[PDB]
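Once you've looked at the hints, dock chains B, C, D, E, F, G, H and I with the ligands against the given chain A.
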Amino acid sequence: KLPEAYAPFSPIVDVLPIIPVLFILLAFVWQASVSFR
Amino acid sequence: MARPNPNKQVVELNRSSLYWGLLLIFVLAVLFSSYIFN
Amino acid sequence: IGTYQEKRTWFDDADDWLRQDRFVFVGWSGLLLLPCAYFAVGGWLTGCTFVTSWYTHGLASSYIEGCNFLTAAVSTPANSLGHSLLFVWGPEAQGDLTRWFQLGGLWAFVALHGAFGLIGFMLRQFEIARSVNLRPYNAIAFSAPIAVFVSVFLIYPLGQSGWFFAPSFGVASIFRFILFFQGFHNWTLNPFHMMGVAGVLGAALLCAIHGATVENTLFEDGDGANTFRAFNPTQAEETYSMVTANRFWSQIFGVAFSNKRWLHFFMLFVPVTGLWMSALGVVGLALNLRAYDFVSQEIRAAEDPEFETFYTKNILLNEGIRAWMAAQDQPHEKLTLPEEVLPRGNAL
Amino acid sequence: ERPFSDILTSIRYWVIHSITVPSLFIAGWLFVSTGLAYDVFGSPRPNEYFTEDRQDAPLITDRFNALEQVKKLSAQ
Amino acid sequence: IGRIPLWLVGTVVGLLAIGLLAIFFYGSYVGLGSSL
Amino acid sequence: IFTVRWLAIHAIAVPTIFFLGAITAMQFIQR
Amino acid sequence: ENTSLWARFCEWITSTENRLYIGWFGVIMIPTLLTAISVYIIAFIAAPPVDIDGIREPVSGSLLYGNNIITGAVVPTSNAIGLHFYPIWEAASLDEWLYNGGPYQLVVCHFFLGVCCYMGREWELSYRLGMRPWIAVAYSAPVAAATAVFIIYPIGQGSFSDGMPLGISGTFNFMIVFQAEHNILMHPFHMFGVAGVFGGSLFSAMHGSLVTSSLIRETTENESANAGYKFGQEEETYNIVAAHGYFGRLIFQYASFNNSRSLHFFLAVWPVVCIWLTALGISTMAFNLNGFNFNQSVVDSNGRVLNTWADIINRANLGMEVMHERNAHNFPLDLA
Amino acid sequence: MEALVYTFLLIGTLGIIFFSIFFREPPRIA
Amino acid sequence: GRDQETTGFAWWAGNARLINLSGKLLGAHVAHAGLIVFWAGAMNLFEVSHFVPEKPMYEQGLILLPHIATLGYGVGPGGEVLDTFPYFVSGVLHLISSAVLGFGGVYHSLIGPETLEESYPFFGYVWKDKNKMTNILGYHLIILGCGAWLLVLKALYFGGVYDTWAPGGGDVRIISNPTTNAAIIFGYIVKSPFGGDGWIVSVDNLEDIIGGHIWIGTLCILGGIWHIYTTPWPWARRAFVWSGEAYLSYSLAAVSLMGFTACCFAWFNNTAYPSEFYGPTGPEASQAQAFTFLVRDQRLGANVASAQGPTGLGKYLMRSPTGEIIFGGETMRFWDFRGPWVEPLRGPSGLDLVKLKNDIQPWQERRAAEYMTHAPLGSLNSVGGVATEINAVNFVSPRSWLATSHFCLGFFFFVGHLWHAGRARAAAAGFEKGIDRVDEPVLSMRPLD
Ligand code: CLA
Ligand code: CLA
Ligand code: CLA
Ligand code: CLA
Ligand code: CLA
Ligand SMILES: CCCCCCCCCCCCCCCC(=O)OC[C@H](COP(=O)(O)OC[C@@H](O)CO)OC(=O)CCCCCCCCCCCCCCC
Ligand SMILES: CC1=C(/C=C/C(C)=C/C=C/C(C)=C/C=C/C=C(C)/C=C/C=C(C)/C=C/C2=C(C)CCCC2(C)C)C(C)(C)CCC1
Ligand SMILES: CC1=C(/C=C/C(C)=C\C=C/C(C)=C/C=C/C=C(C)/C=C/C=C(C)/C=C/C2=C(C)CCCC2(C)C)C(C)(C)CCC1
Ligand SMILES: CC1=C(/C=C/C(C)=C\C=CC(/C)=C/C=C/C=C(C)/C=C/C=C(C)/C=C/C2=C(C)CCCC2(C)C)C(C)(C)CCC1
Ligand code: OEX
Ligand SMILES: [Cl-]
Ligand SMILES: [Cl-]
Ligand SMILES: [Fe+2]
Ligand code: NA
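Chains as they are written, first to last, in our numbering: chain A, 1 to 37; chain B, 1 to 38; chain C, 1 to 348; chain D, 1 to 76; chain E, 1 to 36; chain F, 1 to 31; chain G, 1 to 336; chain H, 1 to 30; chain I, 1 to 449.
Honestly, I wouldn't trust all of these hints.
Cut-off 20 Å, straight-line C-alpha distance, at most; resulting in silico cross-link-like pairs (DMTMM-like, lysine to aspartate or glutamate) [said to hold, decoys possible]:
#1 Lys260/C - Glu218/G
#2 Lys260/C - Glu223/G
#3 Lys55/I - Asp83/I
#4 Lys191/I - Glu221/G
#5 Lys71/D - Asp96/C
#6 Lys1/A - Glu47/I
#7 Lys334/C - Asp56/D
#8 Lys72/D - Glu48/D
#9 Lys154/I - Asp171/I
#10 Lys260/C - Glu238/C
#11 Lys334/C - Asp62/D
#12 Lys8/B - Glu223/G
#13 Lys260/C - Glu221/G
#14 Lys132/I - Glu117/I
#15 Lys72/D - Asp96/C
#16 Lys260/C - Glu235/G
#17 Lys260/C - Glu25/H
#18 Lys71/D - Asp53/D
#19 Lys260/C - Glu90/G
#20 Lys24/I - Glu47/I
#21 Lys1/A - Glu59/I
#22 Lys334/C - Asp53/D
#23 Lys72/D - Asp56/D
#24 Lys1/A - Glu80/I
#25 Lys230/G - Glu12/B
#26 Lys71/D - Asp39/D
If you are wondering where the hints come from, they were derived from the structure by calculation, not from laboratory data.
If we strip away everything but chain A, and leave its shape as in the complex, we get:
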């Protein structure tokens, strides 16, 4: 388990793996926003 001083922070920890998948999708968002010029 996570240490005692950090135990209630396991919810914000638990979502952190998917952020790199959100990064390439954010690149696609920016390309849509610039309309794929």
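Same frame as chain A, now just chains B, C, D, E, F, G, H and I with the ligands:
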């Protein structure tokens, strides 16, 4: 409309179609010889 | 119609309305293809989410029970039903829809509407090819998938005991159908199936080869590093160097294409011929007329206890399919087999 | 012409959709949750797969009396 | 016309679709078909 | 509008949206 | 000025004037595949029965020992040796080499070198002729499938006896036991590959139909309608627009394949990436990643198992499990 | 003669493909 | 960024536009490194948050907690975890380094210098200056040599690294006098890749591991110095293509070969990849099954030396292709298995029948049975073991994961090497865009026939 036939046509078999037909016959042969021999 | 007066009737008004440029074209086949296809896809989608198969197959093949996209299937009716068209108004349902379901009627609904939708889709291709005034080689090609559909979903259950032995509209039920032909029919050993496999593999080979060769011999046609912006439909010149492609494949493979027409007709011919050969083989298996065994090898195996080959092994694995799988796949036949008479070897 | 590049970008398309699409969504939700899908399409409940008289998978094994057979073999 | 960006429309549609597939994949481990 | 495109896209849209709402309900159903 | 021997040698190797381009990848082309093909022909004709499973049960596999070409197969290497690299010189005798499945390792290793060098030779001719070189990248999918079925699956399962037999009925046996031990049919990579060959057939038929349909009158019912003009002219007037118009009017007019370059790129990449996916699926199966096992997943409110198509597939899978390699087992559960 | 006829057929296929590679018609029209 | 008409590169090739913008290129690189350490730290934190201590650590689907635990941080004399604070601090440091690296990447991607020669000649570079490219390569080689020597220092003087071959069942062993024999190390690198030798995966002791690490760090430092103080030779210039595309292709080939090597390591290695942390390999969980049924059936009173199974070969014991005594089951292919719980059971003759009859320790018994139950099967949707088996256990082997994923990545990276190698050659030659259409090379030579 006369004695000779104006609808006469001659047959043409080029070497590519020759090779394709020979390959077809021998592939059918290798496929079905094992089954007719049984 | 040959500079005649051609007095206008309701037919000409209807033809003028049907042959119009819209988002989606309707035409005459829209009288058939649109309702038949929409009903087919809607029936399959509805049966894959709500319509259970507990009554007919004794199993769950719908999302409402605990099945996934790779598990749900619009299942066939029971074998005791034979080959009924299984109408909602027939002697089976007697006009009742909520019990027309869970009895295999939706399978027959989807199959018949899909067959007529395929008919309407070839009519679609024909009449659009008429409107654009082009040859219907697309319909010529499409004659093979519907031959496969007829030989698989109609001819095979019609020749066998009933719709129960037809493939159910799904994914894992199709896989069951595949393993069913593997064990019960030895469909791999059938020469027509070998032709079908060769046709599909060669068609994918032609697809990859043609795409790669055209896309790697596509000239410069500009200054930008992106090749796709260099294509222009206004110019009449060819996009790719066919002489360069022919030289490349002649020096790599040994033989190469010289004619675009013969290339594209080969790409047309190979899958159509393979699929028709597979359709003929399934027509053969519709009558239980199998290429199951080799007489010389089975006699040699019977009179020689130390002569074994992969064919003998395949026969044994087919017996594994039948003995361990028919008992649950055929609940109507009531296989209460003890599991000490099933063929099961060491440990496993 | 409406090439779909102008319908989506206008809020007039979304004001007539901000309630109709969620309306269809909640309609499907209530349709499944009230048991109406089970009632209309013949699926048994998870608690009504087997009756008390039979504890094995059901078989039709009949054609002209199959309607009354599925009536007796289904959940009351 | 142009009151909302087409890219923002596609992005919110993609978010809704990805979340839809996500809750579909989540519902495979619980409830019906959970194998437990 | 009620044109041919409208009818086609609505015949594909309305029951698919109904089925998605249905299945999102189906995901939270437990035995 | 090419008056030295190895300069003339590099000139003849590099030259495109030979009937078949050899190249610097060709110097590993020619001997490796002639070695593999020679051993394949001689083994398929007159090989003694090969002990595949290591339990002194040899598979005949060769025509002169009493089987046809449908059931004849160059049998994989023995289970006793495993993937231990056993060539002729490691064998005390040619008879021992043939009994332990040495020709299988010979042909498979030489075929692997041959396919990699055929990849390189395709790139090499692409370089000497000045085209784009990604034809080898497109051919990287069937070779990936070949390596996955021939060496990678034996590496994952521990022994070359696990590999594909070099034949037809042996191919069927390998495929069936593959389904039995891995549930390949219910794997998304295998579904992607099946969709890829189905779409390859579909798109090949569609492209052939759309090109052969979009033609102008130049070849009549006779051999050629050249009365307007014979051969020796550069007039390109086949068709440019009507095929795309037909494809647009087919369904919804927004599936834009007007760009023939984009059409051919998609036509190449779809089956290639799908065969990449199924080849990687087979390589993952080598490390026992298996398929979707939704068996006994449907249960009622009482927890009782409700059967399904996946359960039927599971029953067939265990039916092939309890029959393959008839007397190879000693211990209950099957571990590689 | 069981294996010999398959031998004839296989040699015929190899000879046909060898002749198609080497003794082929030259590629005309581009 | 820029658009397509000024670069000739579409959106789906946008990173190609950075082929000449070195400042934006290094910014993308450092943001990428920040992404890598972000995944590392986030996975460490999530994996500690989802950690069960009493359950053995390879059963939670854990891939890089074994990476720290192999180094000997927070683990006892039996593979017991005891504490997870070293894992926690490693994850937090990786997360903070990710924050600072991503800040640098974002800064150089947006308002970094567009080009570097006009402001920083030490960082300014083209793709043609061989001396400058070798200088950069030398700097990176020195960094990698220091990184390998850091592991050497840890294994030598820092009280780390978990020896699975330590007596009793593995322990955190301080490695003293590592074997730096050049003959031994070169014999490891030039031996056969097959099952007889194993090439690079068959390393079996920390002495050889740290000796090879000493060798690699030493040559990496010296090669960094060499490339800094030299310039490529004319034969290297004539044999290589010198552009940024070609360099990428060479790196892609090398990293694809590395990925295949790592796949084979994760599947077969048992020394650098401890079975206590990763579960059984390929050979074990089958050799474990053989040994466990061997000891069970000798406990029931049968004669395992008798054996003589279904095919007349032996249900428990057999002679290998060489005269050593091996297991007689279907695991007669894995007889080259060397594991911690068979080597005291194994001697020059074979499996030591007398040691099989008498000397079997209960820890070996428990380890073998546990490795039987947690076999490296597992299916991709979790579920149990064999594809024919059912929903009984939730376990997929991390060795299977680290093999399958890394083979997939290595194969795509081989394909990417091929793509970029062909494109670099065609770009240096000039016909990357296509055929010039006014002088095609086909009409420059005589026809074949
Ligand atoms: C117009 C498109 C179309 C087509 C081609 C079909 C075709 C088909 N449907 Mg279907 N159906 C449709 C639309 C269509 N349907 C619609 C819109 C609905 C929703 C209400 C349905 C609902 C439906 C159900 C519930 C079922 C079918 C079924 C069937 C199949 C068998 C029908 C049958 O045998 O009964 C007979 C049909 C006919 C004889 C056609 C009638 C044409 C007659 C001859 C015209 C007579 C008019 C005449 C001029 C009257 C004036 C004369 C008077 C003044 C003297 C069949 C392939 C069944 C099935 O699939 O089997 C499982 C079935 O269960 N359909
Ligand atoms: C590892 C992924 C990655 C990275 C690091 C980059 C990096 C970069 N790309 Mg890019 N790209 C990628 C993937 C990536 N790309 C993919 C997958 C595609 C295909 C869709 C593209 C296609 C592409 C194109 C077409 C172009 C680039 C361009 C660029 C460069 C400048 C972008 C710019 O200035 O506009 C500004 C961008 C933004 C303002 C949006 C990004 C917002 C920030 C930077 C990211 C999110 C904030 C971040 C989380 C804050 C961190 C906090 C910190 C304290 C830790 C830049 C160095 C451009 C170029 O070529 O340079 C001239 C350009 O034309 N890329
Ligand atoms: C001497 C100059 C120098 C040094 C020291 C470095 C160092 C580094 N560069 Mg860099 N680079 C340089 C010049 C230099 N570069 C130049 C001139 C360019 C062209 C503009 C680049 C372009 C460049 C790019 C594009 C990238 C790097 C990256 C990296 C890092 C990769 C190693 C890593 O993170 O893995 C792990 C490191 C270790 C395991 C080693 C542990 C640390 C040891 C113990 C300290 C070494 C002490 C040593 C004696 C001091 C260095 C001496 C020096 C003279 C070499 C690394 C710290 C990559 C990066 O961004 O990573 C963040 C990367 O993407 N560099
Ligand atoms: C989806 C992207 C992805 C992800 C999530 C991973 C994830 C992982 N990879 Mg991987 N990889 C990828 C892509 C990816 N890879 C690709 C595309 C390739 C090319 C095909 C590779 C090739 C590859 C190889 C060759 C290897 C991995 C390995 C690994 C595992 C350990 C990573 C590691 O420590 O490496 C190394 C990290 C560094 C080099 C950073 C330098 C810092 C050093 C290590 C510091 C020294 C530590 C020191 C001892 C600390 C002591 C403290 C001291 C102060 C006392 C890990 C789970 C390893 C593995 O487990 O094999 C199965 C491994 O060998 N990967
Ligand atoms: C670290 C390695 C590396 C690097 C630095 C590059 C760099 C580059 N590549 Mg390249 N490539 C690589 C590896 C690499 N590649 C590999 C391994 C492959 C084989 C798959 C390719 C295949 C490839 C092609 C076909 C092309 C490039 C191109 C390019 C250039 C433009 C990239 C771009 O902006 O596209 C934009 C990036 C995207 C649109 C995102 C792509 C998303 C992919 C296709 C889907 C997979 C994502 C998914 C999460 C992964 C699933 C898991 C996986 C294991 C399957 C650029 C300089 C282009 C080029 O040649 O220009 C010179 C080009 O057309 N690459
Ligand atoms: C070192 C190189 C290694 C390769 C050597 C072995 C490759 C064999 C050559 C391929 C087959 C040649 C096809 C002849 C047919 C032939 O050459 O016809 C000639 C034909 C040329 O046609 P054209 O382009 O001239 O068409 C226009 C005409 O109308 C005008 O002439 O070539 C082709 O059809 C395309 C090639 C497709 C090749 C299809 C492969 C067929 C599979 C063969 C399987 C053999 C049996 C298995 C063994 C038992
Ligand atoms: C750490 C460690 C170790 C060590 C290891 C080692 C020692 C390694 C190495 C290694 C090495 C020492 C390597 C090397 C290498 C190299 C390479 C791999 C190369 C290459 C190249 C190529 C491939 C080429 C190509 C070409 C040609 C063909 C000719 C012309 C030019 C060109 C470029 C084109 C050991 C295991 C002991 C222990 C554990 C850990
Ligand atoms: C049966 C029946 C009928 C019919 C009906 C119909 C015809 C309808 C329908 C319907 C429909 C028609 C439905 C549907 C469904 C659908 C769905 C359920 C979908 C989906 C899902 C998903 C999940 C997706 C995803 C995705 C993808 C993958 C692709 C792209 C992207 C996205 C994301 C979208 C009636 C009543 C008449 C009567 C008789 C019986
Ligand atoms: C340029 C560009 C790009 C890229 C971008 C990037 C790549 C960014 C990044 C970045 C990064 C790479 C970031 C990272 C980060 C990290 C952070 C920001 C952190 C932190 C911190 C904290 C606050 C923590 C806390 C804690 C602890 C200490 C332990 C326990 C748990 C917790 C969580 C509580 C894109 C593609 C979009 C597009 C194109 C352009
Ligand atoms: O050899 Mn072909 O399949 Ca691989 O797991 Mn163990 O070994 Mn046999 O059984 Mn299952
Ligand atoms: Cl078998
Ligand atoms: Cl065994
Ligand atoms: Fe074309
Ligand atoms: Na057995």
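Comparing the hints with the structure gives:
1. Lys260/C - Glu218/G: Holds, at roughly 13 Å.
2. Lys260/C - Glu223/G: Between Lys260/C and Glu223/G the Cα gap is close to 16 Å, so the pair holds against 20 Å.
3. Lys55/I - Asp83/I: 13 Å, holds
4. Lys191/I - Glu221/G: 67 Å, violated
5. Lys71/D - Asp96/C: At roughly 11 Å apart (the allowed maximum being 20 Å), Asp96/C and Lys71/D satisfy the hint.
6. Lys1/A - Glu47/I: 9 Å, holds
7. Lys334/C - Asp56/D: 12 Å, holds
8. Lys72/D - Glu48/D: Holds, at roughly 13 Å.
9. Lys154/I - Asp171/I: 16 Å, holds
10. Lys260/C - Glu238/C: 11 Å, holds
11. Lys334/C - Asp62/D: Holds, because 15 Å separates the two Cα atoms, which is no more than 20 Å.
12. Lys8/B - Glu223/G: This hinted pair holds, its Cα atoms lying about 13 Å apart.
13. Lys260/C - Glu221/G: 18 Å, holds
14. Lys132/I - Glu117/I: With a Cα-Cα distance of about 12 Å, the restraint between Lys132/I and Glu117/I holds, given a limit of 20 Å.
15. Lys72/D - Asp96/C: Status holds; Cα separation ~15 Å.
16. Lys260/C - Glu235/G: Roughly 15 Å between the alpha carbons, so the hint for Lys260/C and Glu235/G holds.
17. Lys260/C - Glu25/H: Distance of about 17 Å is within 20 Å: holds.
18. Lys71/D - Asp53/D: 14 Å, holds
19. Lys260/C - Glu90/G: Roughly 53 Å between the alpha carbons, so the hint for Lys260/C and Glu90/G is violated.
20. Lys24/I - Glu47/I: 34 Å, violated
21. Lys1/A - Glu59/I: 15 Å, holds
22. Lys334/C - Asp53/D: 19 Å, holds
23. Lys72/D - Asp56/D: Given pair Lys72/D, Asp56/D holds - Cα atoms ~15 Å apart, limit 20 Å.
24. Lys1/A - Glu80/I: 15 Å, holds
25. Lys230/G - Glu12/B: Measuring from Cα to Cα gives roughly 18 Å; hence the hint holds.
26. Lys71/D - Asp39/D: 13 Å, holds
Of the numbered hints stated above, those contradicted by the structure are hints 4, 19, 20, listed in ascending order.
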